[PDB]
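The chain below stands alone and is given in structure tokens; this is the form solved without the named molecule.
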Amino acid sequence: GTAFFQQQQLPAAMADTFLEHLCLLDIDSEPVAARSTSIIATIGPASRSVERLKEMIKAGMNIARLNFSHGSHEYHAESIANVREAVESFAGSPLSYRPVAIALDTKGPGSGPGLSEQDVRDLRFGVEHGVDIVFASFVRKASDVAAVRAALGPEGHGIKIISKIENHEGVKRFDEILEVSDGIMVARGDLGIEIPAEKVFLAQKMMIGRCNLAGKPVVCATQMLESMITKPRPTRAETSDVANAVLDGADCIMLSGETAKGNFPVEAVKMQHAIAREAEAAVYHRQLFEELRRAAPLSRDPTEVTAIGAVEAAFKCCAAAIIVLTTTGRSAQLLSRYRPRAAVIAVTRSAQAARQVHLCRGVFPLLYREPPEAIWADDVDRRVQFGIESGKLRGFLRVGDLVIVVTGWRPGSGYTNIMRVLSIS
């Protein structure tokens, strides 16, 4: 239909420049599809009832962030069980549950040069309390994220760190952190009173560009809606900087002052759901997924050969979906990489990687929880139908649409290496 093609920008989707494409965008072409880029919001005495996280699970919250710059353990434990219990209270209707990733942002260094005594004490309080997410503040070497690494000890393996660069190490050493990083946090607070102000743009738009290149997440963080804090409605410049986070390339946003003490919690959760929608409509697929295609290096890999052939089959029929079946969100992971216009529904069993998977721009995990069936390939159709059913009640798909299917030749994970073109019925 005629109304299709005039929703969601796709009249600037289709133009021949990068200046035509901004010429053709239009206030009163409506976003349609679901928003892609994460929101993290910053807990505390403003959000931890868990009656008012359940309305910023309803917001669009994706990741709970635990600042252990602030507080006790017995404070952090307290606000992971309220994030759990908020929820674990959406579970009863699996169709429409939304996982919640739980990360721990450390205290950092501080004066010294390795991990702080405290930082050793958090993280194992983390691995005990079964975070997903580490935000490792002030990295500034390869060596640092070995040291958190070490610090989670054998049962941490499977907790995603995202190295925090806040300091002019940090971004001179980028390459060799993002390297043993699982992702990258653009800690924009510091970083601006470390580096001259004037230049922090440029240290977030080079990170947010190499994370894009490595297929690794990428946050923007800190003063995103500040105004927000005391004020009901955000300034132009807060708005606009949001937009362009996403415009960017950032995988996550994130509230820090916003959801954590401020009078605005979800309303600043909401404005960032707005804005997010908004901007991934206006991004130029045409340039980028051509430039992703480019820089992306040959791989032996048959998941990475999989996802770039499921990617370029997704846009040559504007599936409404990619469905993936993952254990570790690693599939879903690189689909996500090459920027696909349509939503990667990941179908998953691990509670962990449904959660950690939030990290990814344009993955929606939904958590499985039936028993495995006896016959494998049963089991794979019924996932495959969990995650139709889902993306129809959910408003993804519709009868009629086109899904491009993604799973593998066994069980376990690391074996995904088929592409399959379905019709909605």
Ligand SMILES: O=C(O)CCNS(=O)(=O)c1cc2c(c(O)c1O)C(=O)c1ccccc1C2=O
Contents of the next structure:
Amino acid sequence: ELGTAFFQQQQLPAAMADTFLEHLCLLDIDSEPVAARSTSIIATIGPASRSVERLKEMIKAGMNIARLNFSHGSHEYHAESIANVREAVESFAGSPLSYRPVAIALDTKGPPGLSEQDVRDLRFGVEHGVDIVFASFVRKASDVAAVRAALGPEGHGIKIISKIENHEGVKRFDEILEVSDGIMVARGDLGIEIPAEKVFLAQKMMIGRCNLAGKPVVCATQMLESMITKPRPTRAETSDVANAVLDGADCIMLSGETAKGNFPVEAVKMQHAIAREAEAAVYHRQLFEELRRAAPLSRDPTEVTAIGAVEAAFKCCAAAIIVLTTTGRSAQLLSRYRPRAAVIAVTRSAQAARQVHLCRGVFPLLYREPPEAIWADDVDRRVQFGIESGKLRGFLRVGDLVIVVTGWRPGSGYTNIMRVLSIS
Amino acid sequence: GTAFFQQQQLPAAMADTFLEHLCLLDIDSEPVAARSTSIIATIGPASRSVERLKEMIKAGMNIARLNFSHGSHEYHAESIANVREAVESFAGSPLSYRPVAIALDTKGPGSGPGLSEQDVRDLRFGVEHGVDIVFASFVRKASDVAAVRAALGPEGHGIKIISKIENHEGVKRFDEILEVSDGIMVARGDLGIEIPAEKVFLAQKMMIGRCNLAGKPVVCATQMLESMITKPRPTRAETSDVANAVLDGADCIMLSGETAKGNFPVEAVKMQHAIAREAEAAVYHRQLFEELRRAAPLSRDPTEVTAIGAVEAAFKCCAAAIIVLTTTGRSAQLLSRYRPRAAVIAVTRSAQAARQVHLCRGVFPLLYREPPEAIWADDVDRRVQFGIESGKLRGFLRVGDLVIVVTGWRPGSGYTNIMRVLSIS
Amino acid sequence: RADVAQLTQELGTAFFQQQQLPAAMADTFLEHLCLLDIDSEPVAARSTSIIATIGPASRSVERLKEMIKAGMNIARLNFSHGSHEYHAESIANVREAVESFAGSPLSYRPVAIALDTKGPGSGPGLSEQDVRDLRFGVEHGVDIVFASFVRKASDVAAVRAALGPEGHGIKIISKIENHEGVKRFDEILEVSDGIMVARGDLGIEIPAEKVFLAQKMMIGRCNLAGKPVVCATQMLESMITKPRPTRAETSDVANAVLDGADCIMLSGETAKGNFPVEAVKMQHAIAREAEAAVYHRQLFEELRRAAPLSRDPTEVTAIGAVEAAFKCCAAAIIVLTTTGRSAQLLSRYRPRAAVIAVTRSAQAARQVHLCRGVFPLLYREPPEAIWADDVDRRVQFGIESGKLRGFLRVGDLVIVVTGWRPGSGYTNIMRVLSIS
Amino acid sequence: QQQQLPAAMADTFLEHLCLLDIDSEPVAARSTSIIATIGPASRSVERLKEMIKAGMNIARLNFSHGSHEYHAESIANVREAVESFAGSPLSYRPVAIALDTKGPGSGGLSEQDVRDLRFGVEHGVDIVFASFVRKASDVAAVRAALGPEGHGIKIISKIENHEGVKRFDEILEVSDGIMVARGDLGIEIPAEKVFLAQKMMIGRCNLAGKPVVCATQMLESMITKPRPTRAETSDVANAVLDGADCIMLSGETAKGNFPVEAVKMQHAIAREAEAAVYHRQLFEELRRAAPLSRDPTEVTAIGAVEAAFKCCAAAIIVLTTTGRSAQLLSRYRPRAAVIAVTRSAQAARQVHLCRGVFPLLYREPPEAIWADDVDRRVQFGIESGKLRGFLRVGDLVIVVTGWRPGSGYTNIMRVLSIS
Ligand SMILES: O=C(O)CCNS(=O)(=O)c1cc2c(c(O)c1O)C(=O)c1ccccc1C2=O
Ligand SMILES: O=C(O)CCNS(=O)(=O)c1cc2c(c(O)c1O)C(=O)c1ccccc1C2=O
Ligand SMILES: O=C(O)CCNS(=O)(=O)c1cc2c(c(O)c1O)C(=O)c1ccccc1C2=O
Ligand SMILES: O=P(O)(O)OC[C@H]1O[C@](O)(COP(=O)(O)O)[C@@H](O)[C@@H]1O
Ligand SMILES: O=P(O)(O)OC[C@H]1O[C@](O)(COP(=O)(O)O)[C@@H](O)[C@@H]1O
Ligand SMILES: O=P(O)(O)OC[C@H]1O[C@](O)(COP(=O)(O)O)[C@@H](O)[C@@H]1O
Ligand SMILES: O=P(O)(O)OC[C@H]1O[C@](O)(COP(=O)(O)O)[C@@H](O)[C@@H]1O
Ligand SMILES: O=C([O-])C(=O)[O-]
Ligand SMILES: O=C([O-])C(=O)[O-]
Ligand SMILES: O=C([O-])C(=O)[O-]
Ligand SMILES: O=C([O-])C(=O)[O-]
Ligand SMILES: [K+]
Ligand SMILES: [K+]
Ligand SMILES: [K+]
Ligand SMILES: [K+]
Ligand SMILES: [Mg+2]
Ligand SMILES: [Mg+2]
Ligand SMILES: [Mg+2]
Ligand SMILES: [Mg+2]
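If the structure you just shared is the form solved without the named molecule, then what does the corresponding form deposited with the named molecule bound look like?
Up next: the whole complex, starting with the chain shown before.
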């Protein structure tokens, strides 16, 4: 069977509670997290975190997305930081147990509309193959359309994460989210534009609306601020990280902590440690019930398969949901239901593998084998690749149950199958 | 379309509370889904003619009950032959053929402590004549079920045992009886004489709730449409009783004197069909599905895991049906236990499984008669297509509908593990 | 366990095994059903009123005394049959049987008198026979009118006009008997005092298999509105000739109570049947079992969630009193009322505690039988010089009568609902009292 | 539209979060008490007057620092600042005095703690924040050191290590309340686990109906900066959303450059966070988990809170001798302010430990007839309520009183229309 020890770990006694109050009362500091950390860490790359050797330590510590702030530096400076990130990432390609995709995100300087510097920085992003744009001071839907147009003929696959930094962006949130790939709660400017005591309301509202929409949301700025000069964070800082994860954030971010601080690697390690504890403390029973109740009926087979797979994973405490995805969409639709099971996304697209770090609980595996002539064999090889990588990484063991999500024919947009396998 | 959301009590289905769900029930909201609660009709002088049996099958009879408290082995053998003749008269059109189970209802222990010698002989008769189900009278403890199982011998291992709870001891030892039984019958006739009449509804509701929690079939029986033995229309209490048995969660409803000896056997079957269909649409699935999931324990069985995923998927897209391939009926039973609003169309080659799955609410059995294709994946597809073609002919499905298809990874029973979202073309 | 552990130690495990209390503590409706126990005996007084139709089999004073002791709370006179002279004699016999118990005020049981109209027939509105029967009702001091075939709001206005200026106090319960009445339900309920789900005609006017939907919908809407709802016709039909009912009949009575009906009715079962007293006894027995089986945890939660916010102090006091009664497993809620309204507002929240309504109005004492769980006590003493002392005497009358009738025991907690000044409409106080 | 009422009406917690509005202004009085540590930066009578106006409800004296003479002078300055507002009885704000012990250090009750606890009794302190409580016998030792004269002093056990967290239930059982002392807890257990201990202890205290304080580094950067970090405002808001009855300032008020601004910031955040509480789920869960009871004060409290929610009552006015009737109302977390009218100056100060309890110290002449005396204490609550902005003409209030004088007899709830 599973054993009594299994049910004492990852806050499983608190998970079985009948009320949110009882769930809190059952949280246990001795109940150790077992699942892989699912909230991605975005680290801003700057003077303190630029070297290839330092970047290798940040990747090992848990950095999933490298942020380049175009409010500072230059094209030449950021291109060198990007090259160093890619060199550090590819230094682990020799071993399957250490290689991890790392997304590259460009954060714009900001604005009467799209600034000349933003047009040129967005063009630099397309030319350097960036995965994501964190668009500063998005105030309305037309600001997103301008960023989308500036991404030109080659950059339509780049994700646009609109940064909400002022009163107008909060008030026009629904129209901005509708046309964006996701949102960043940019608390630095938000805390100066609106009263500081109201930022938590904007953060919780935007995270809840993004969770309802199934779109990624980033919590940002001053999460571990004191760690710019101190080796350990304050009590308010660790609670801020934990509460951003409990709020429903897909990603958490470090700015000055990694760009200029004295402890960049330790700041990444601290966010990794807290996120893992907070993810186990999520009250999935109410969260899943409310996400299902609020999500409308759907005739899209990817959406229908995703909810069935997440329900199946909860039923058997599945060690993972393995999904085949080319664009990342099938993995994103699983992630929106917040399964406790890790979502292992097997893809041939290097860009999709980097971009899916935006979605909580998605573990990308880039697959490079040549295509099989028999499509069903190519699918089976990718599914077994997900299982063998899962075994190698500690996600899975023989005897475990996994949920497998595929489609009936090749090409993006046909996901319609959920299977229960049993690991051999 | 807007019309879709006005039918089958869908406005009441979207309510946030059970009280508001009741307030939104609409007598003009017509039922669309096929009737999912099976009807058991007791065979007798009123329902023994082969031609009358054909009318009862068309009216909705799913299970024919043989009451061994009346008549000899020669009488029951003739009843079996007549039922089979009426059932097989429709086998020439495989897309519309309806299997009908045959249940043997034992005489019982009488004044004895356990299995009577007449019951031993009747049970052996049942095995020799290939009955599908045994309704075991006056089950008081787990050893009564073991005795019935032993009397069926090695040749009757596939026969379902439905324990009839008819007295105080059976109600008190319910948990141990349900554990070893395939299902239960709330036998209200004797129960209403053995315990105070005003307490029977508590025993009925409790046993139906516990069977629903266990995922095992439960039958509500006796005097449901009693006045229809002599009158063409039932009383207001009788229609209410049928509707409330379905709302309680009964998998099956039964007719005794109404079909065995009365003057309106076909009309009694038609009345139970009409009421059950209305009551099934009035079920508050939002609370029911939530509570069945919450109470059901975690499972490592792939059939169980696939079943809950398929039911969740069916609710998400308002699937017209869940088509499942099954050898023993188990994969269909595990879908049924989650009470989907979507019809569970079970395709099987086992004639016995097709008859027995009528015990599970919402399971529509289709008996597949074609010999196996050389390529197993093609044989599976042909059976799924047979489910689709039968569903289109019977009115379950139309082009454009979404259906959930439940299959397994290898031949043989026990390997269901796949759920697939399919658009009907 | 922790939510009931201290009270289980104080009241004992036997207390928590009775009146379906294990099923009452369940966290889901499914678990509540699984925990229903035929060995869990009902303890509370029967709260769903029984309406018995008075006719040839139940007319004599001696027979009526047996029916009052068996549990009849409302006597129905069907003006579709008999005559003015016949029904006046039945009414006099009912009053004689009722007043035979008036010698002991601390046990006297009021019985309401209801007139059921013949109806409009093939006409579009109020018939001439109904005008005469309604005038008879006012002249004979009837408490309630069961108005046949109500199809729209103007039908109830016509009944109200026919009762004249002297019948303003008479309750109008509109009978819903056809498709139009069901479709125009909301406008009818708005102007009526309550509703009767008259299933006999309803089962002929709409498909028989749809009556349960109309019954459950109308009971739910009346529960939401806080207005009385009666379930009627063929509930124990076979008992017209047999001494025991069918399994569908007991189920029907139990399910009408579980649906939320305030009253249940007997027609031919008491008017002409061989076993009128046994039919009343059977409805009494089933209703007590079914009331205990109600899942109060979900019901109370849903009644609060659906009921809008209120600035009426009687309404605010009523929900606070019902919440307080549930918190301590109160034996009873004693309320002082002039019109019955404060008791009706307590009843709408469906407390498990009996609502003992102390009133000086003989008519209000009879009419409150329409509201589930209201036990009327007619106070006959002249007013004390100091109003606060008069209030206290009335509360003590409720306590002493409660102890004498078996509702209250020493050590019990009772909730007492009173107002801040004399006259109807000023209830605003809730008190927790320990019985000594 | 105000006080996050659109988010309050939501059918799910997720929809409640989606409906939170930065333009929906808080209207209710700030419910979560602020504990400020008094030290070099906040000692003067003039500075203490500004801290009282900014919202300080409890003055903490940390006996790990200073001396008996130093802390006695701080206490005298607190009392002088508090009494400077006594000339207007309808607006006077009581302020509690809390002694935080040095602790056991090496190893039961230290000899320094015995002397400091004696000092506390002699100086009439209201509360003891007992450091490093790891078992029930630590609480008994503190209680014994307070002697027969300190029977009325509240003991709030500070949970600062692994043992205190593991033996939480036995500690809470014998304590008046708890302090989640995150400074030591954050080095005694892994820093990334403190939030689990905080949320668990707050939840268990809420279930028990006993006060819980969130403490340490809440607005840390404000020791040198005029504005806090984004993590610090979030931390204050989340402690209130977690269910904390009190929030605390240590170095921020004891030695920092912006003590008054730190108090103002905690006041501003707490008020916003209290309106963002999802009362629909919270009341339902507290009401479901609170055990059945035959105690009339407990029965009246749930009836009164239910009644207040039904009519959107502006306040629940309660008469209390010890603070207990107000504490039992507070445990159900009403949105309505609990205005507690008491003659006990000590109970008025101590009741700041319970969220949403606004103490009014009654100093009007006694009425000859007890029923009239009760009525004038109720009218005093109404007049103070109107002057402070809690109540207006036309509002509905719930009034909670007892049937006889003396503590322990609360059994009446009344619905009253203002003016
Ligand atoms: O708004 C602010 O002032 C805070 C910005 N927070 S940050 O995005 O993490 C940030 C980014 C950067 C730096 C920071 O110290 C810093 O803190 C640099 O010194 C720097 C120097 C030269 C080239 C590039 C960088 C650079 O990219
Ligand atoms: O027709 C219907 O659907 C209603 C019948 N159900 S009843 O209202 O209870 C009912 C009422 C009555 C009778 C009934 O047999 C009867 O059954 C009488 O014989 C009778 C005889 C003489 C005077 C008066 C009555 C009299 O009032
Ligand atoms: O970090 C800790 O270990 C706790 C310190 N946080 S505190 O309790 O608020 C605190 C308290 C005090 C001081 C602080 O600077 C301080 O910060 C003093 O300078 C001081 C000087 C002279 C007499 C008394 C005090 C005095 O009481
Ligand atoms: O998430 P996406 O981008 O829609 O991709 C999902 C697709 O992946 C598959 O599972 C496998 O497709 P490929 O063989 O083309 O990679 C498809 O059946 C399904 O449509
Ligand atoms: O419900 P059961 O009895 O377990 O049968 C389900 C079985 O039916 C199938 O779908 C088809 O099997 P067969 O081809 O042997 O009929 C299997 O893959 C699966 O194991
Ligand atoms: O339920 P009703 O009709 O409003 O009557 C309640 C009234 O009864 C009382 O309790 C007593 O009033 P009386 O003294 O006039 O009988 C009033 O204080 C209260 O307003
Ligand atoms: O909250 P506590 O300490 O029990 O005090 C409540 C007490 O206060 C009162 O309302 C007023 O009593 P006093 O007149 O003695 O102040 C009592 O009736 C009640 O018992
Ligand atoms: O731009 C940002 O990241 C901010 O303002 O927090
Ligand atoms: O045997 C039966 O069916 C009964 O007693 O109801
Ligand atoms: O009128 C009635 O009572 C009926 O039709 O049921
Ligand atoms: O003593 C304290 O307050 C601490 O350690 O946080
Ligand atoms: K920027
Ligand atoms: K039999
Ligand atoms: K009539
Ligand atoms: K200290
Ligand atoms: Mg910014
Ligand atoms: Mg029998
Ligand atoms: Mg009629
Ligand atoms: Mg400490």
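By rigid core we mean the largest C-alpha set that fits within 1.5 Å across both forms. Positions refer to the first chain, counted from 1.
Once the core is superposed between these two forms, every option in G156, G192, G215, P94 stays below 2 Å in C-alpha shift except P94.
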